[PDB]
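4 protein chains.
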Amino acid sequence: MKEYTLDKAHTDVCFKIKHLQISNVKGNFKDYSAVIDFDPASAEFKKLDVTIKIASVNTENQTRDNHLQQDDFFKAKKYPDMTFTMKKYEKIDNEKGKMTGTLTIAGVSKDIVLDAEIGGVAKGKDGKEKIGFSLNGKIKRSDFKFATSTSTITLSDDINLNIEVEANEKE
Amino acid sequence: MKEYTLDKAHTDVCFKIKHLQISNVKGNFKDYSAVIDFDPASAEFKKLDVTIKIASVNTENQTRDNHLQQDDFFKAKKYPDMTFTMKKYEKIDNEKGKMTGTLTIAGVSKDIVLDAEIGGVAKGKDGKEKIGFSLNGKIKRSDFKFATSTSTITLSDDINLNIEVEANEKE
Amino acid sequence: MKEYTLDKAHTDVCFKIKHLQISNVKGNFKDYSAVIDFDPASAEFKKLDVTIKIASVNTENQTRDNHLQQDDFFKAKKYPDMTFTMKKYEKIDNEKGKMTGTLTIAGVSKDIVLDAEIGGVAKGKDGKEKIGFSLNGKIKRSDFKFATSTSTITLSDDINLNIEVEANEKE
Amino acid sequence: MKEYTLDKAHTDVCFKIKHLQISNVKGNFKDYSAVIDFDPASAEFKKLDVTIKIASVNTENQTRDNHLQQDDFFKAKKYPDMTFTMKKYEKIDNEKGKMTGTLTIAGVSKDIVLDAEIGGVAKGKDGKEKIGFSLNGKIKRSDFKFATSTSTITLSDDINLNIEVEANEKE
Ligand SMILES: O=C(O)c1cc(S)ccc1[N+](=O)[O-]
Ligand SMILES: O=C(O)c1cc(S)ccc1[N+](=O)[O-]
Ligand SMILES: O=C(O)c1cc(S)ccc1[N+](=O)[O-]
Ligand SMILES: O=C(O)c1cc(S)ccc1[N+](=O)[O-]
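Protein chains in written order, with PDB author numbering: chain W, 21 to 191; chain A, 21 to 191; chain D, 21 to 191; chain P, 21 to 191.
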């Protein structure tokens, strides 16, 4: 034989190991519209109707947003908007309520409960009405047979929703 | 009631969904030593003995490197170095061979096979010998009862090793 | 050379592949006690206080139940019971309500909301009062720094609770 | 109010929690054929050619076997058999060797190395030749763009192969 000494400069004692990391996908939507009927005297919602253009999804990452619109997700060609229709607002107190409504995603419809938390009624300095408020709730992808190709392992069956709203009087 | 129009500027139609992402952890070690005996006439390794200071792990992320040394991983206090001892080199041809040796990690020892691929023998311009070569192989964390607290789900049971070596003659 | 024909009887063309399966752990508790104060005239809970002996966990699998009591879970030696204390019952209607209370698990306490669904008030055939009802709600393991060693990947951060109750008048 | 005592007989203090379990899928194939040329004087394989009918997969579970043949896996209609063609057998010693060959799965072909371990040459009691032997090796699903729809998380990128063979002389 013959003996050698490492050249530490061009020698790697090296390893790869595969691990998982769980992480949240957060996204809003740039383009959506709503009808909001709300009686500040009794702090009750009367009519809440939301249409969201799927096209305008924003999960801060373009190559995913595009992918969201494909058959294995939204089908934005066939089903271009998702919609929410309030069917009932059960008041808890002036700050809180239980809003039941119809969610439709890719033409499939389920009744869901959202937690209304009134961020605060006011009559803005200009003399016209404003309100803050938020709607919170969990929906199951499985309930809307959504992204059915994707396993409940890779991506959560649970979607959490937070609709933050400022909103001003009409005409 | 009363009617409101969204203020799109301070309104988020928002969602969070939890998903997993598989990813490789790659790390070398800054401080290690080796005894390398190799006969270029027959391209056979004769003795290969490596000691790696666990302390010097580098997975390009300090807060993980530190964590690697704790009880649930390396135990670098109790077991400060991991070691490899060649017990056999079965030659395939001048470029390839099957190196069997003893790996010890945190005082637990298993015989492992590495795939020797000679990157190339030479007599460097200065008239002294050099060799390139690499050792490749998979080891199982479970085989060395390693990081036993961490599930084989979160972090792979499989560790892949690639030892890249340049090495020059002695004295 | 020489030619051979397989003996299909003692020949396996064989493969192993590792895959994940998500699955629910369902468990009750054999031993627990409660104080239940409820006014059938207004269908409001007045006081709801539950103590559950951790010891009596039953996830239909003994070797897991035992393991539940160890440091990396319940610590049943140090913290032998988990407890729920009602702090507020906000009535929705006669069938539904929002119960807020203090949950304590291994000595850590958080206020949680449960969804009360009255399964039905009655005056049983014997002339004494009975009530059915259920409490539903999600709690986060992370909120109670629970099983902190176990990753939110292996085991869900979310625990779902369903307390089904039949209950009869006192004395 | 009024006070109630639980009826422990019809009361569940109950919980669901979602967890993952990693597990091996093991399967053979019922129907396959091979050409085996092997020189017991030098214990070298000369020609090894295997064709496996995908149709005959057996992972001890019919509803999965069927599913294996669909577009998101084998495409057994379009690509009814997978095949292995030996291109080289590098002998280690009389018990061991490194077999390089072409694997084709759903019409995609990669060269793979299998570890030949001769279970034992003999001349059986009837005066004719027999041999035992096994071929072991890992292949990557990704290398054969296989089940590409299924994430490397749900199902391992790594497939392990063990071909166990008894085999008798021809004519
Ligand atoms: O990608 C690489 O070349 C590689 C790098 C390191 S540090 C360890 C193992 C490897 N493997 O397994 O190939
Ligand atoms: O972290 C938040 O405040 C949040 C943000 C968005 S965009 C959606 C849901 C949320 N939830 O569930 O809270
Ligand atoms: O456990 C076994 O012996 C084994 C069995 C089969 S069918 C395939 C691969 C294997 N490996 O990888 O060892
Ligand atoms: O499936 C059920 O009815 C259920 C059962 C138990 S023991 C706990 C929670 C549950 N949830 O969340 O519904």
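By construction, these hints were calculated from the structure, which means they are not laboratory data.
Accuracy of the hints is not assured; some may be wrong.
Identical chains blur together in the list; that is why a pair holds if it fits in one copy or across any two.
Claimed, not checked - Straight-line C-alpha distance at most 30 Å; calculated DSS-like pairs for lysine-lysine:
{"#": "1", "residue 1": "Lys95", "residue 2": "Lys148"}
{"#": "2", "residue 1": "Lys36", "residue 2": "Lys145"}
{"#": "3", "residue 1": "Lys66", "residue 2": "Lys38"}
{"#": "4", "residue 1": "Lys98", "residue 2": "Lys143"}
{"#": "5", "residue 1": "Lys73", "residue 2": "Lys150"}
{"#": "6", "residue 1": "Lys150", "residue 2": "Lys98"}
{"#": "7", "residue 1": "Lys97", "residue 2": "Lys107"}
Comparing the hints with the structure gives:
For the homomeric pair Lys95 and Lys148, neither the shortest alpha-carbon distance inside one copy (41 Å) nor that between copies (58 Å) is at most 30 Å. Neither within a single protomer nor between protomers do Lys36 and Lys145 lie at most 30 Å apart by alpha-carbon distance, with minima of 62 Å and 35 Å respectively. When the C-alpha separation of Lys66 and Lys38 is checked against a cutoff of 30 Å, the pair qualifies neither within a copy, at 52 Å, nor between copies, at 33 Å. Within a single copy, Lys98 and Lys143 get their C-alpha atoms no closer than 42 Å, and across copies no closer than 55 Å, so neither meets the 30 Å cut-off.
Taking the shortest Cα distances, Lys73 and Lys150 sit within 30 Å of each other inside one copy (25 Å), while across copies they are farther apart (51 Å). In this assembly of identical chains, the alpha carbons of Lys150 and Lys98 never lie at most 30 Å apart, being 36 Å within a copy and 53 Å across copies at closest. For a Cα distance limit of 30 Å, the shortest separation of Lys97 from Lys107 inside one copy, 28 Å, qualifies, whereas the shortest one across copies, 49 Å, does not.
Checked against the numbered hints listed earlier, the structure breaks hints 1, 2, 3, 4, 6; every other hint is satisfied.
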